[PDB]
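For reference, the chains in residue letters:
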Amino acid sequence: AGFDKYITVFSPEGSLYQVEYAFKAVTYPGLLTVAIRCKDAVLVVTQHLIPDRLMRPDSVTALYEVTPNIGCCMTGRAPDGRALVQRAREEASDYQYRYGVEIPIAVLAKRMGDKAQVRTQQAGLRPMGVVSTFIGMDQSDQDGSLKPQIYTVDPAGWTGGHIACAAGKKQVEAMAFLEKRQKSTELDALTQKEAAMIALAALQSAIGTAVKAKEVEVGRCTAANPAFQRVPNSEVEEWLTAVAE
Amino acid sequence: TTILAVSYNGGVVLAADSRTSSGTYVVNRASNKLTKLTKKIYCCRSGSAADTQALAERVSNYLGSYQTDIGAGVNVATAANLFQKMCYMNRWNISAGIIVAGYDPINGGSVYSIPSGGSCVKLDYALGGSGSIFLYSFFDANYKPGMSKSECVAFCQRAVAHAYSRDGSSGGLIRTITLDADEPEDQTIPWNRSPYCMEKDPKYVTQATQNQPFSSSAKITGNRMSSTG
Ligand SMILES: *[B]([O])([O])[C]([C][C]([C])[C])[N]C(=O)[C]([C]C1=[C][C]=[C][C]=[C]1)[N]C(=O)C1=[C]N=[C][C]=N1
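In the order they appear, the protein sequences are chains A and H. Residue numbers for the first sequence follow the deposited numbering, beginning at 4 and rising by one. Residue numbers for the second sequence follow the deposited numbering, beginning at 55 and rising by one.
Isolated chain A, as found in the complex:
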């Protein structure tokens, strides 16, 4: 009853205060990401803003490659996100050596949520103040096709699939735009051009700025080219004009 909040100890209302304080390290940099999957692709947009003009803008990034078919964005404390990439690259490689096949995206999200649960149960270890968003396309069963996947793991360890997610500062106004857009159409029937307009407009409704094409970076995975790659900046400009239309 002396501290109640300084190490991983249950509060008298049954909460962990080092979990609730690590959620606030996600919104503390002030950034934002939006992920969405269409019928045949996955998209991840994120705010890529450099305040200093003397900074090399192609070094600071949040989009990482875990395996050649899984990409991720790390929204939260930026050196903590680089730490969980190196953890996920070890787990995807040790899956490859031991089991011979590439790791499923739903399984790589589960094995990274088990790493976050241990750090919030042992008293000495600090939780990672970052929300991971592992995106990719899994091999479907009984037909052999590919299927878009989005998986998000909290700093507590809450893994789960998504149709469209958001993380960072004013992530509540980004969820509210996507649910309002969900009431009209059905997001698993839209195309890659149509779904790119929503994830960029959801990034506009929260920041209220209608940002430039260099102030974001977008990575994608498509059923034709299943490898994770980031888009060119010229293709973001073809999308930002359509949102203004």
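A couple of the hints might just be wrong.
Computed footprint of chain H on chain A, listed as stretches where at least three residues anywhere in the stretch have a Cβ under 8 Å from a Cβ of chain H [what the hints assert, rightly or not]:
1) 69 to 78
2) 91 to 104
From the derived model, a few chain H residues whose C-beta atoms are all more than 12 Å from chain A [unchecked claim]:
3) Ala103
4) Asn161
5) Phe188
6) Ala195
7) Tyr197
8) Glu205
9) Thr242
10) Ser269
Distance condition first, Cα-Cα at most 25 Å in a straight line; then the derived DMTMM-like pairs of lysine to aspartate or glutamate [said to hold, decoys possible]:
11) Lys93(H) <-> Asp141(A)
12) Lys118(A) <-> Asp123(H)
13) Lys93(H) <-> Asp255(H)
14) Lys93(H) <-> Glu105(A)
15) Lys139(H) <-> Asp194(H)
16) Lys93(H) <-> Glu94(A)
17) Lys93(H) <-> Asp158(H)
18) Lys139(H) <-> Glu94(A)
19) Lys93(H) <-> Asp97(A)
20) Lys27(A) <-> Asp117(A)
21) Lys90(H) <-> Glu68(A)
22) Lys90(H) <-> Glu105(A)
23) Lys176(H) <-> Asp255(H)
24) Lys173(A) <-> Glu197(A)
25) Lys176(H) <-> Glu253(H)
26) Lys90(H) <-> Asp97(A)
27) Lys203(H) <-> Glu239(H)
28) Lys139(H) <-> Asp97(A)
29) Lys90(H) <-> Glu197(A)
30) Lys203(H) <-> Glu237(H)
Think of the hints as simulated: they come from the structure by calculation, not from any bench. Here a beta-carbon is modelled for each residue, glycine too, at the ideal position from N, C-alpha and C.
Fit chain H with the ligand to the given chain A structure using the hints.
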């Protein structure tokens, strides 16, 4: 097993037979001794079928985990120092002759021959396997450096076909692949369309006159093919 890798201007040409044989019996006549490490770097594979398969997929997982962390392409000299490290600290327990050949944009086409002793030598062409001892005097006479891509494919297919004609260990198909700045093109020509075989070699048509007829003279007149005459 007869494996070889030859460099041209663009990239390299890997060439190998297809036969794993337990001493004297052909367990597999359609083996694949050309192992993919990365997209542009392969390795030829001779010796123990299990000891070299475990090395080839242990290097290929270090090499793909390296490529993701770097974010660029893997050099061939990088992949040839991961076989040398493993074939030297296991050299008393494995039987492994590896020829590593590939393509990188920095150095072009590279060929590394890693013998059973565990050394590493960078070459223009490499030979390996039990059938390679036939091909030293064949490359001393018939090989001229600086061929094109289409000439190195027809040469290495003609090179392997002279090797498994005399070797008992080697035989089967001829699996070749080229690794250069284009997409990797593979080609598997069979035995019955091989560029050389001793059965259709027109100087081995006449039987050696061993089974002489019972005659009155020392004049050798060929074999005895019938009971009457
Ligand atoms: B080649 O004949 O050397 C071949 C190379 C291998 C890496 C595909 N090796 C084998 O055929 C070996 C036998 C051998 C022959 C000559 C030298 C060294 C080894 N085959 C096997 O190891 C084997 C035997 N029985 C079952 C499975 N594998």
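Verification of the supplied hints:
1. 69 to 78: holds (count 3)
2. 91 to 104: holds (count 4)
3. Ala103: At roughly 17 Å from the nearest Cβ of chain A, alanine 103(H) sits farther out than 12 Å, so the non-interface label holds.
4. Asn161: Check passes; 24 Å lies beyond 12 Å.
5. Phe188: holds, 37 Å
6. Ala195: It holds; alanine 195(H) is separated from chain A by about 45 Å at its closest Cβ, greater than 12 Å.
7. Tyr197: Consistent with the label, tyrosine 197(H) stays out of reach of chain A, its closest Cβ about 38 Å off (over 12 Å).
8. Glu205: holds, 35 Å
9. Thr242: Per Cβ check, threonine 242(H) is outside 12 Å of chain A; nearest 24 Å; holds.
10. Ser269: holds, 69 Å
11. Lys93(H) <-> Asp141(A): Measuring from Cα to Cα gives roughly 22 Å; hence the hint holds.
12. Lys118(A) <-> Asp123(H): holds, 21 Å
13. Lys93(H) <-> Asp255(H): Violated, at roughly 39 Å.
14. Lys93(H) <-> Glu105(A): holds, 16 Å
15. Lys139(H) <-> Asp194(H): The given pair, whose Cα atoms are some 31 Å apart, is violated under the 25 Å limit.
16. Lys93(H) <-> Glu94(A): holds, 22 Å
17. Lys93(H) <-> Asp158(H): Holds, because 10 Å separates the two Cα atoms, which is no more than 25 Å.
18. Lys139(H) <-> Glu94(A): holds, 24 Å
19. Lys93(H) <-> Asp97(A): Distance ~21 Å between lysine 93(H) and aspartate 97(A) Cα, so the pair holds.
20. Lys27(A) <-> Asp117(A): At roughly 21 Å apart (the allowed maximum being 25 Å), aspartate 117(A) and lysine 27(A) satisfy the hint.
21. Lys90(H) <-> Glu68(A): holds, 22 Å
22. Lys90(H) <-> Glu105(A): Holds - the C-alpha atoms of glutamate 105(A) and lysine 90(H) are around 16 Å apart, at most 25 Å.
23. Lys176(H) <-> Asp255(H): violated, 36 Å
24. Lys173(A) <-> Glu197(A): holds, 23 Å
25. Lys176(H) <-> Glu253(H): Outside the cut-off at roughly 37 Å; violated.
26. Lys90(H) <-> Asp97(A): holds, 19 Å
27. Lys203(H) <-> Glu239(H): holds, 11 Å
28. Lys139(H) <-> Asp97(A): holds, 20 Å
29. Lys90(H) <-> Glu197(A): Violated: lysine 90(H) and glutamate 197(A) sit about 39 Å apart, past 25 Å.
30. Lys203(H) <-> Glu237(H): Roughly 13 Å separates the two Cα atoms, so the pair holds.
Violated hints for the displayed structure, listed by number in ascending order: 13, 15, 23, 25 and 29.
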